[PDB]
Amino acid sequence: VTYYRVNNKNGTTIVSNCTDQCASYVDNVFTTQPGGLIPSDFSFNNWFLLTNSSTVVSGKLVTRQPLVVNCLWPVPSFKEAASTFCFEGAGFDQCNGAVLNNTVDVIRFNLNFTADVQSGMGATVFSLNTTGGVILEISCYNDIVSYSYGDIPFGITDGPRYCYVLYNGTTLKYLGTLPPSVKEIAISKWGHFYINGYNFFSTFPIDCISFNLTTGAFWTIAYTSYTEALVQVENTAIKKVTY
Amino acid sequence: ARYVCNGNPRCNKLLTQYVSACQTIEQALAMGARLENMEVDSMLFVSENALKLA
Amino acid sequence: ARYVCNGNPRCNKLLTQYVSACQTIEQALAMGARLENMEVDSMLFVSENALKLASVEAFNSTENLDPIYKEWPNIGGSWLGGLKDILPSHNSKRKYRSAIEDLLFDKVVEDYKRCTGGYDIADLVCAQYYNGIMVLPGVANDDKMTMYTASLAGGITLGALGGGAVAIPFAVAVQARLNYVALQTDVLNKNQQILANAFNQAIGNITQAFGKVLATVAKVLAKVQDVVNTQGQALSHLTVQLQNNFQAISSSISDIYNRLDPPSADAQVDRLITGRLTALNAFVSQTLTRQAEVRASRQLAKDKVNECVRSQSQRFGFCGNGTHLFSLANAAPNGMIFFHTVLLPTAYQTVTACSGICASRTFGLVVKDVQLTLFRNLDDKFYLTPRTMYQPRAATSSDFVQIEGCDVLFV
Amino acid sequence: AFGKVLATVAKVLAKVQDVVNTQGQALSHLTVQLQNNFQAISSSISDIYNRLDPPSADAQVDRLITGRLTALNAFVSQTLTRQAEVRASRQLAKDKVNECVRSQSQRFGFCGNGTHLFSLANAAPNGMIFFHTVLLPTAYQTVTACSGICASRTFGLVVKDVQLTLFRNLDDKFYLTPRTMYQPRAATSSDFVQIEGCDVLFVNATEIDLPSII
Amino acid sequence: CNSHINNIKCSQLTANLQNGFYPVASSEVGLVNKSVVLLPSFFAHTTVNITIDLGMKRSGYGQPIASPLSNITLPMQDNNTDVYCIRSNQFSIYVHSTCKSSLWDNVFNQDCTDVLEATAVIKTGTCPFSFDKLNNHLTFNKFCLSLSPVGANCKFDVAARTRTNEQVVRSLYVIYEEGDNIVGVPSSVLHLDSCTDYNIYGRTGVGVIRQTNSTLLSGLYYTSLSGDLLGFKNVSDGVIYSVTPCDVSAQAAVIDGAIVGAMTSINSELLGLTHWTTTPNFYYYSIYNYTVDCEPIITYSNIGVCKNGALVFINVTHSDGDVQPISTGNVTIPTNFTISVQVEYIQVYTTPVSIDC
Ligand SMILES: *[C@@H]1O[C@H](CO)[C@@H](O[C@@H]2O[C@H](CO)[C@@H](O[C@@H]3O[C@H](CO[C@H]4O[C@H](CO)[C@@H](O)[C@H](O)[C@@H]4O)[C@@H](O)[C@H](O[C@H]4O[C@H](CO)[C@@H](O)[C@H](O)[C@@H]4O)[C@@H]3O)[C@H](O)[C@H]2NC(C)=O)[C@H](O)[C@H]1NC(C)=O
Ligand SMILES: *[C@@H]1O[C@H](CO)[C@@H](O[C@@H]2O[C@H](CO)[C@@H](O)[C@H](O)[C@H]2NC(C)=O)[C@H](O)[C@H]1NC(C)=O
Ligand SMILES: *[C@@H]1O[C@H](CO)[C@@H](O[C@@H]2O[C@H](CO)[C@@H](O)[C@H](O)[C@H]2NC(C)=O)[C@H](O)[C@H]1NC(C)=O
Ligand SMILES: *[C@@H]1O[C@H](CO)[C@@H](O[C@@H]2O[C@H](CO)[C@@H](O)[C@H](O)[C@H]2NC(C)=O)[C@H](O)[C@H]1NC(C)=O
Ligand SMILES: *[C@@H]1O[C@H](CO)[C@@H](O[C@@H]2O[C@H](CO)[C@@H](O)[C@H](O)[C@H]2NC(C)=O)[C@H](O)[C@H]1NC(C)=O
Ligand SMILES: *[C@@H]1O[C@H](CO)[C@@H](O[C@@H]2O[C@H](CO)[C@@H](O)[C@H](O)[C@H]2NC(C)=O)[C@H](O)[C@H]1NC(C)=O
Ligand SMILES: *[C@@H]1O[C@H](CO)[C@@H](O[C@@H]2O[C@H](CO)[C@@H](O)[C@H](O)[C@H]2NC(C)=O)[C@H](O)[C@H]1NC(C)=O
Ligand SMILES: *[C@@H]1O[C@H](CO)[C@@H](O[C@@H]2O[C@H](CO)[C@@H](O)[C@H](O)[C@H]2NC(C)=O)[C@H](O)[C@H]1NC(C)=O
Ligand SMILES: *[C@@H]1O[C@H](CO)[C@@H](O[C@@H]2O[C@H](CO)[C@@H](O)[C@H](O)[C@H]2NC(C)=O)[C@H](O)[C@H]1NC(C)=O
Ligand SMILES: *[C@@H]1O[C@H](CO)[C@@H](O)[C@H](O)[C@H]1NC(C)=O
Ligand SMILES: *[C@@H]1O[C@H](CO)[C@@H](O)[C@H](O)[C@H]1NC(C)=O
Ligand SMILES: *[C@@H]1O[C@H](CO)[C@@H](O)[C@H](O)[C@H]1NC(C)=O
Ligand SMILES: *[C@@H]1O[C@H](CO)[C@@H](O)[C@H](O)[C@H]1NC(C)=O
Ligand SMILES: *[C@@H]1O[C@H](CO)[C@@H](O)[C@H](O)[C@H]1NC(C)=O
Ligand SMILES: *[C@@H]1O[C@H](CO)[C@@H](O)[C@H](O)[C@H]1NC(C)=O
Ligand SMILES: *[C@@H]1O[C@H](CO)[C@@H](O)[C@H](O)[C@H]1NC(C)=O
Ligand SMILES: *[C@@H]1O[C@H](CO)[C@@H](O)[C@H](O)[C@H]1NC(C)=O
Ligand SMILES: *[C@@H]1O[C@H](CO)[C@@H](O)[C@H](O)[C@H]1NC(C)=O
Ligand SMILES: *[C@@H]1O[C@H](CO)[C@@H](O)[C@H](O)[C@H]1NC(C)=O
Ligand SMILES: *[C@@H]1O[C@H](CO)[C@@H](O)[C@H](O)[C@H]1NC(C)=O
Ligand SMILES: *[C@@H]1O[C@H](CO)[C@@H](O)[C@H](O)[C@H]1NC(C)=O
Ligand SMILES: *[C@@H]1O[C@H](CO)[C@@H](O)[C@H](O)[C@H]1NC(C)=O
Ligand SMILES: *[C@@H]1O[C@H](CO)[C@@H](O)[C@H](O)[C@H]1NC(C)=O
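The listed protein sequences correspond, in order, to chains A, B, C, D and E. Residue numbering for the first sequence is 233 to 378, 383 to 451, 455 to 482, as defined by the authors' numbering. Counting in the authors' numbering, the second sequence runs from 861 upward without gaps. Residue numbering for the third sequence is 861 to 969, 978 to 1081, 1092 to 1238, 1242 to 1292, as defined by the authors' numbering. Residue numbering for the fourth sequence is 1077 to 1081, 1092 to 1238, 1242 to 1303, as defined by the authors' numbering. Residue numbering for the fifth sequence is 483 to 669, 678 to 781, 795 to 860, as defined by the authors' numbering.
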């Protein structure tokens, strides 16, 4: 296999070579098709089925999932460590491929990591702005707490992490322990926070969401919406989608 | 699907988990009828010259 | 015991109370199979003298041919282009099977020694074995069924029962069959090459049709596969009943005892025992009905062999659609495949028939043999001919019966 | 063999008993369903009313009624299938009487393994027992068969009755014999048919045979 | 029960076996090692201690009586001690008790003795699990105990066991959801090429674990239609292990009240039979000196078994052949005859049954 990069954004199709990690780019970044559909040749790396069940579900199933992409923003680059996203007033200006002008139901974060590295990458905190305005924050700690925030690692962790919802910097709820590997974070408009497809935390509807990164954190951020689709799932990981 | 789920959009969704059961039911009946039609068609015939004076 | 209680020492004890239920289940299946084996064994037989010349290699040689037939280089030479795909072959995979048989078996699809090897992940058959479900061979297994059909085919060209294996040409055996259809009188114009060519081509297309996976071939493949699929589903249906909790906390016996203390765990198990015994009773009833259905089918198979393969039948339409010449048979999954070789007319001859003859004190003459048609030829002479094949015979006095009167239709 | 409780006798005893055992089990199975509580406090109707007041006792009984009616429906379905199976068997019994007992059949292998002579029949539980009396050969006679006769303007002669074998005897005369029993018959002219040609397998006729042959 | 023939008699509930084939286990096992495979995750263990203080007393007759006024103590969490929750990956739960007694009501300044003596036992009430089994590798999404009967699933019955009787004093309520986050532990080792009691990725059973070379498993484990474990993958190496039963069904051939031989798929001595041969589908063990020509007494399938254990196979009936319609050359016509009588049975009617609904 030989890897070429094609860019027709200025109206003329230009062809050049790619180095860096071309294989990773073809495994994570896709061009959005008209209507917001994901190309049939996309491998769905780190795209997990969103479920409320605690168990592992596999096989061919028809479900309502956020698989319609309103805008795909590849390899995002932020002005500062922190950034803000909104479900409503969001603006699409860096969409790869077709852009569909609609309301976003779910913001999906495809995290950048390598197997067996335990690199210094992660988020200090995720801040969820609910309807009334109550700011709830999610942060995870090296040990059990009994105002300092914590660390939510991306990829492989060196040990256990205890996740709490914060308020006034004072722990408000214990959510649980993170999985050995954090590959995807997905946040819904309706107040549901997912890790690797599992509903980790639920609250009141969210108007906006923001976070502060420690010190290219993401492969891509997809602004998506719910549709009915037939999906082939292996270990909560989507392998194929037929809309 | 119609027998079990009576056109109710919300029942048909639950029934997704049993698609293989429905396929077994529908295919079993279809195969039975298919085999019967073949051996029945083998038995039957006509003759135009005989029908003309029948 | 293994199906209901999965080797769990503590479940088997509870199952003691249901021993009479298990005995009923096991005995019912054993009796069904026993009766079947007896009537199947009655049907099957072999003949060593026929088997000796039943192969393709035997047919392709002169070694067994009776010296009186020096004009023939082999047995059925002109017919071998067809027979070679029907007769068993020595030089093949799986011992002695025919080309069509291999196609029929391999396009459709028991060793249990292998289930204990442990060098791979068990397949469906071993997975069933582990649950107490196993398939046994019966009397009509595939190898014995093959011998049966080979012996029948090899009988066609066996000249005598005195002993040894003295063969006659296939063409000679066929000509003998033609005489039963109609006495052959046209000896100066043999049509053996024509019939042999048509036969060889028909088999060519049949063998090809099976390999390709012809209305008759499509019908057979559908029916053969259906028999196989039905038995498969019957057992797959039974094994999945083991996943039914039957209102227990779990379907797994060892899981129940792993989680719950004996005084309560036994109650959970009692429900699973009752449920699983019920599933077995349903299985047995269903199985016995299928055996009854087959019994009726088997009688037809037996009648076909005796009236189409081993002899000439006078039953119109019984051995295929047309005028029956001969039949060959081979093995098939769970039964037999029959090849009915029939005559098909391509053109009809018109003759002017005479009801009878009025002769002179006057008297009538009618034909003694009612199967023959009396007609007058171009030379003004009377001829008789059977209605199944136009083989005209000069009429003589021994063919007629005197009667007192004459009809209006008499000549 | 019957008194002793012969492969044919063993087969019959097994089959006859099985028919009887099956009907027995069908009814024994039905009666034991009455012991099923069907989630009631008891399977006994009088026990329910003896222990429990009518407004609650009726509910316990309604479950037993539903259960027992279900058992009867299963019984009826099972019974009707057995009757259908017997119908097919009965047709065979009828054909056997008409073709083996009341008449001689021309169907090879139908009335026993061998050459059928006669059949007798008796009663049996739920049906009939047939005694097929057949002929069994103990020795075979070898003869040298003639395909036909070529006689002389030449012509062929073939045997009119295709079930007979033509052969020449030790006195050089022609005989005909059926292939089911060796009962040789002197051949005569009324037994032969004239044809235009001769095969290679035909025997050459002599003048001394022609007066009886043609 | 004490012998192989008597074990068959016990199984069948008979004191007199008939000539025939009886289903037996190829072997029996017990007293074997335990093997477990857990999801790697991380070690984080919590010890959970429940203390039950029983207030026993006495009646006029002397019938010892426990006091509903007894105290159950759960460890300290979130200051309140009325609801303790498990917030770790692994846990162990132990119950301990102290028995105190009184002559005067509610003083409890004296040890209980003799007939007053009691020990607390927690037994299954309405929960689909026993308290003492929570130390096995049971798995939960959540598990929390509560002395308050509010919004709680099932309850345990906490009873005082005395030398006279046993009675329930208090209930302990437990909140739980099924899942794989929290695992019970006694206070990831497997034993290969041995019969073992295993618990692998949430699947419990008894069998033999073997290391194999394949890529068949896509997930942690693969099961049969019946739900049984057929094999599993080690998360770290990708190596596949197969799982098979320690024993299989076998058929014991019994003649004249003794085991003559048996068929099995496992090439191992069974039922005291040491000699054997090999058949197309199974191994055959018997009393016969194997490293034949005899008349079988019992049969099944296409197999017969002789009194001396010899194994015989059944042949297909032979015949001379059929007489063909051939009139050329040397042919045979049956001449001498005798009579044979063949007997067959055909069902004509069913016995009609009338049922009064
Ligand atoms: C349908 O009906 C026909 C009858 O018309 C049955 O055919 C008969 O079957 C039997 C059983 O196989 C045949 O008998 C066998 O003959 C063999 C050859 O004959 C030798 O021995 C005789 C002795 O009288 C000599 O006259 C002859 O010249 C030969 O020397 C024997 O070798 C066989 O021996 C077997 O049995 C004996 C006794 O138990 C053993 O000691 C031997 O080791 C060996 O196992 C046997 O005697 C009989 O010849 C067949 N007759 C005909 C006309 O075919 C069909 O079987 C039946 N069909 C069905 C399905 O049942
Ligand atoms: C991508 O890399 C290839 C080399 O693998 C470049 O190929 C060169 O093309 C120029 C003409 O444009 C030739 O003169 C060179 O000789 C080629 N190099 C080699 C090693 O053969 C190709 O140009 C690169 N793509 C772009 C857009 O620059
Ligand atoms: C998990 O369960 C919650 C309910 O507790 C689901 O939330 C609903 O989401 C739909 C959008 O499809 C809204 O129309 C409903 O009003 C929401 N209900 C509530 C109470 O907020 C959530 O979608 C489920 N998530 C998954 C993956 O199944
Ligand atoms: C994904 O993360 C990896 C690190 O895990 C990034 O790779 C590093 O990039 C920096 C900046 O260019 C280099 O100085 C390092 O040497 C690179 N490390 C390795 C191991 O190659 C990568 O750039 C990130 N990619 C995306 C798409 O965000
Ligand atoms: C199927 O049968 C046809 C006969 O109708 C075969 O067609 C003949 O092919 C032979 C040569 O093998 C020619 O001699 C004939 O003239 C053809 N007759 C036709 C075309 O009607 C055909 O080859 C057979 N197919 C197979 C696979 O054997
Ligand atoms: C049977 O087939 C033969 C051919 O093999 C037919 O004979 C032909 O008859 C036509 C007139 O109908 C002549 O023109 C041809 O020269 C003949 N060809 C020959 C003698 O081979 C014969 O007529 C056919 N029979 C019937 C009843 O149609
Ligand atoms: C039919 O049975 C008779 C006996 O009843 C056989 O006749 C015997 O033939 C042998 C020679 O094969 C003579 O040695 C005996 O003296 C004859 N005994 C007689 C005349 O009773 C007769 O050969 C048998 N038929 C066949 C074909 O073997
Ligand atoms: C699963 O595989 C891992 C290795 O990938 C096994 O753990 C290692 O076992 C070896 C024994 O030779 C030790 O030397 C290593 O220190 C262990 N750890 C590591 C990270 O290699 C583990 O035991 C296997 N589990 C099972 C149930 O077989
Ligand atoms: C039919 O069988 C007889 C024997 O019963 C054959 O006659 C013998 O033939 C040999 C030569 O092979 C001579 O040596 C003998 O002297 C002949 N015996 C008698 C009594 O003639 C006869 O040839 C065979 N016929 C056929 C067509 O095979
Ligand atoms: C697009 O980029 C190419 C390459 O730099 C350039 O040649 C072309 O003129 C650009 N198109 C426009 C509209 O500027
Ligand atoms: C996140 O970044 C914003 C903007 O720089 C800053 O005001 C805020 O205090 C930061 N919060 C944390 C927890 O780092
Ligand atoms: C949350 O959204 C409200 C919308 O009015 C805004 O006033 C408030 O500052 C936001 N808080 C954040 C972004 O933390
Ligand atoms: C603490 O919480 C109260 C909620 O009533 C909020 O008004 C206050 O500003 C918070 N204190 C700090 C330092 O954020
Ligand atoms: C018959 O033998 C010849 C060799 O003499 C061979 O070429 C031919 O293919 C064989 N025929 C068959 C049907 O095997
Ligand atoms: C036969 O000839 C006689 C004498 O001419 C005639 O009367 C009779 O009708 C003829 N028969 C028929 C059937 O025409
Ligand atoms: C019959 O005799 C003639 C004259 O000798 C001869 O040519 C012919 O071949 C003989 N027939 C047979 C079948 O041998
Ligand atoms: C149990 O395991 C030990 C090794 O720790 C081994 O020596 C012994 O043979 C095993 N016994 C059984 C019954 O598995
Ligand atoms: C449980 O009790 C034992 C004494 O039997 C003690 O050693 C252990 O530390 C206690 N554990 C907890 C969590 O209190
Ligand atoms: C339990 O503690 C209470 C105080 O809450 C005390 O009054 C009572 O006597 C104790 N009961 C026992 C130890 O049985
Ligand atoms: C029963 O109670 C009464 C009132 O307290 C008391 O007078 C009497 O002695 C008691 N009898 C007993 C303890 O058996
Ligand atoms: C597995 O290992 C054994 C022992 O070396 C070898 O015989 C077998 O062929 C191997 N199988 C595979 C699929 O590698
Ligand atoms: C027969 O038994 C003897 C022992 O007395 C043994 O040495 C011999 O090998 C056995 N024969 C066979 C075939 O196993
Ligand atoms: C008949 O039985 C013998 C053993 O006596 C065996 O070797 C032979 O292969 C069997 N033959 C048939 C045709 O079943």
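These aren't lab readings, by the way, just hints derived from the structure by calculation. Certain hints may be false.
What the hints assert, rightly or not - Pairwise CB distance ranges (calculated):
1) D:1139 - B:887: 51 to 57 Å
2) C:1167 - B:885: 18 to 24 Å
3) A:334 - E:522: 22 to 28 Å
4) D:1139 - E:669: 52 to 58 Å
5) E:669 - A:326: 52 to 58 Å
6) E:817 - C:887: 18 to 24 Å
What the hints assert, rightly or not - Some chain C residues flagged as far from chain B (calculated, every beta-carbon gap over 10 Å):
7) 1124
8) 1132
9) 1267
To be verified - Covered by chain D, according to a simulated footprint, are these stretches of chain C (three or more residues, beta-carbon under 8 Å):
10) 891-898
11) 982-993
Every residue gets a Cβ at the ideal spot worked out from N, C-alpha and C, and that includes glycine.
Consistency of the hints with the structure:
1. D:1139 - B:887: 51 to 57 Å: holds, 53 Å
2. C:1167 - B:885: 18 to 24 Å: holds, 20 Å
3. A:334 - E:522: 22 to 28 Å: violated, 42 Å
4. D:1139 - E:669: 52 to 58 Å: holds, 56 Å
5. E:669 - A:326: 52 to 58 Å: Holds - the Cβ-Cβ distance for residue 669 of chain E and residue 326 of chain A, about 56 Å, lies within 52 to 58 Å.
6. E:817 - C:887: 18 to 24 Å: holds, 22 Å
7. 1124: holds, 19 Å
8. 1132: At roughly 27 Å from the nearest Cβ of chain B, residue 1132 of chain C sits farther out than 10 Å, so the non-interface label holds.
9. 1267: holds, 22 Å
10. 891-898: holds (count 4)
11. 982-993: With 0 residues in contact (Cβ-Cβ under 8 Å with chain D), the coverage given for the stretch 982-993 of chain C is violated.
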